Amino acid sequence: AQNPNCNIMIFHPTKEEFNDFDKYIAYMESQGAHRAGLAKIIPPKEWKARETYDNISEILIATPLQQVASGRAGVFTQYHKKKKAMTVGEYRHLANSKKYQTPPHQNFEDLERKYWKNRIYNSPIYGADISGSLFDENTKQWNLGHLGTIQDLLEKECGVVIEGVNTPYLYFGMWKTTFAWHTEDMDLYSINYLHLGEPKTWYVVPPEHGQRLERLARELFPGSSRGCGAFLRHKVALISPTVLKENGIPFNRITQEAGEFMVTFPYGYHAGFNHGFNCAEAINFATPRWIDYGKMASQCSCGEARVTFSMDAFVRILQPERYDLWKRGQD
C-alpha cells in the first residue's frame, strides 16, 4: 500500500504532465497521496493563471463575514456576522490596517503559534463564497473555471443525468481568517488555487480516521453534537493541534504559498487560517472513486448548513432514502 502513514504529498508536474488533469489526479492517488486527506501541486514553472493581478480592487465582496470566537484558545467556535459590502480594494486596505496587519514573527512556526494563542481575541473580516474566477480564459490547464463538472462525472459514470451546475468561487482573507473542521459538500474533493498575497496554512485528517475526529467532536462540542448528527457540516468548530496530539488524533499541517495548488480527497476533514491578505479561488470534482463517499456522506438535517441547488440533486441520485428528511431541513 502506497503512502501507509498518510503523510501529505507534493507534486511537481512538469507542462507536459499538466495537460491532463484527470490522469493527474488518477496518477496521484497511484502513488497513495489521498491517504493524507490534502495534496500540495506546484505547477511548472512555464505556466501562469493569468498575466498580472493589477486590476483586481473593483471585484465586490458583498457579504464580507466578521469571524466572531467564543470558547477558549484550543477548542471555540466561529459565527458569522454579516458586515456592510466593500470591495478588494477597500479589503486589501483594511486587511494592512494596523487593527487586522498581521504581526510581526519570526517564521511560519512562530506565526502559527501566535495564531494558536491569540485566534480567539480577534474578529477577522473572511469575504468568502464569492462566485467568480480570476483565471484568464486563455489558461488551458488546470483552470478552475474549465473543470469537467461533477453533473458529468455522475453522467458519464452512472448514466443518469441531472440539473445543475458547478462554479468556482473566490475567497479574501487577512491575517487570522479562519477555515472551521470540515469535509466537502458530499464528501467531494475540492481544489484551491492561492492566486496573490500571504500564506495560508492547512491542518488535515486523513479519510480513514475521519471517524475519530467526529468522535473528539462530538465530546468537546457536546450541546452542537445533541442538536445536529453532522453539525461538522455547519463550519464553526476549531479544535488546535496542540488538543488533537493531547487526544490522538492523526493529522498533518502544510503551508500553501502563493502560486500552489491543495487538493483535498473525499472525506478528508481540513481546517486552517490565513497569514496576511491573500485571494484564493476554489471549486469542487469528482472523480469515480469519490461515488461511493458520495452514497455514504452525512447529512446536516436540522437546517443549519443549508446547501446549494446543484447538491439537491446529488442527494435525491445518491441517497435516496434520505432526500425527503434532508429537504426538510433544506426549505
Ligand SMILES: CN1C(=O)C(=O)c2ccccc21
The other form holds:
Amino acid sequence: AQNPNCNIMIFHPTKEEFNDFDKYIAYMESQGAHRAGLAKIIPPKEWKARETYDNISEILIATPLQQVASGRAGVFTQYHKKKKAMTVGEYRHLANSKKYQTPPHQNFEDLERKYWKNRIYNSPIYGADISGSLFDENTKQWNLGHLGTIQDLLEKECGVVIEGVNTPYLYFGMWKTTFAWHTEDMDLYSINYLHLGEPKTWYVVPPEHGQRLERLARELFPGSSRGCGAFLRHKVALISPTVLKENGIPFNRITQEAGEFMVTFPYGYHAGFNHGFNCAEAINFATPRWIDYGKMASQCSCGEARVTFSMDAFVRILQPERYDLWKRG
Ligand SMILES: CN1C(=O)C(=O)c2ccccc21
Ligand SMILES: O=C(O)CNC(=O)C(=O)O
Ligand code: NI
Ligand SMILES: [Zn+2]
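Now show me the form solved in complex with the named molecule; what you just gave was the form deposited without the named molecule.
Let's see the whole complex now, leading with the same chain.
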C-alpha cells in the first residue's frame, strides 16, 4: 500500500497535468496522498489565480467573527461573537494594528510555539464563510468557482438527481484566527487556495485513525459528548499537538503559503491557524471514492450543527434512516 505511514504529500503538477482536475486528484490518491487526510499542491509556475489583488479592499465582511476562547492552552473551545460589518480594507488595517498583528518571531516553529502558548488569551477576528470567489473567470485550471458539482457527481455515479448548489467561500484571517477540529460536511473533500498574505498552519489526523481523535475528544469534552453523538460537527473544539502527542493520536502538520493549494480528503480531521492577515478560498467537492464516506458520515444529534440547503439532499439520499430520525426529532 502506498504511503503507509500516512505522511502529508506535496505535489508539483506540470501545466499539462494541471488541466484535468479529477484526473490529478485520482493520481494523488494512486500515490497514497489521501492516507494523510491532507495534501499540498504547488501549482505550475506558469499558472495564476488572477492578475493582481490590488482591488479587493471593497469586498464586505458582513459578519466578522470574534473568536473567544474558553479553557486551557492545550484544550479549549472557541465561540464566535458577531461584530459589525467591515470592508476587507478595514479588516486588513485591523489585522495589522498593534492589538492584532503577528508578534516578532524567528521562524514558523517559533510562531507555532507562541500560538499554542498564548492563543486563549486573545480574541482574533475572522472573516469566514463569505460566499464568493477571487479566481479570474479566464483562469481555466483549478478555478474553485468552476469545479464539477457534488450534485453532478452523485448523478453520474448513482443516477441520483437532486436539488442544491455548490459555490466557494472566502476567508479573511489574521494572527491567531483558528479553525477548530473537524471533517467536512458529509465527510466531503475540501480544496483550499491561499490567495494572498501570511501562512496558514494545518494539523491533520489520517482518516484511518479518525475515531482515535473522536475518542480523545469525548474524554476531553465529556459534557459535550453527553449532549451530542458527534459534537465535533459543532466545530468549536481545539486540542494542541502537545496534547495529541501525549495521548498517542496520530497526526501531521504542515504550513501552507500564499499561492498554494491544500486538499483535505474524506474523513480527514483537520484544524489550524493563520499567521497574520491573509485571504483563502475554499470549496467542498466529491469523487466516486467519497460516496462510501458520505453514506456513513456521523452527524450531529442535538441540532446545534448547521446544515446547508445542499447538505439536506445529501443526507436524504445517502442516509435515509438518519434523515428520517432527524426530521421527526
Ligand atoms: C444537525 N442534525 C441533527 O440534529 C440530526 O439528527 C441530523 C442528522 C443528519 C444530519 C444532520 C443532523
Ligand atoms: O481556512 C479555514 O479557516 C478553514 N478551512 C478548511 O477547513 C478547509 O479548507 O477545509
Ligand atoms: Ni475544513
Ligand atoms: Zn450536536
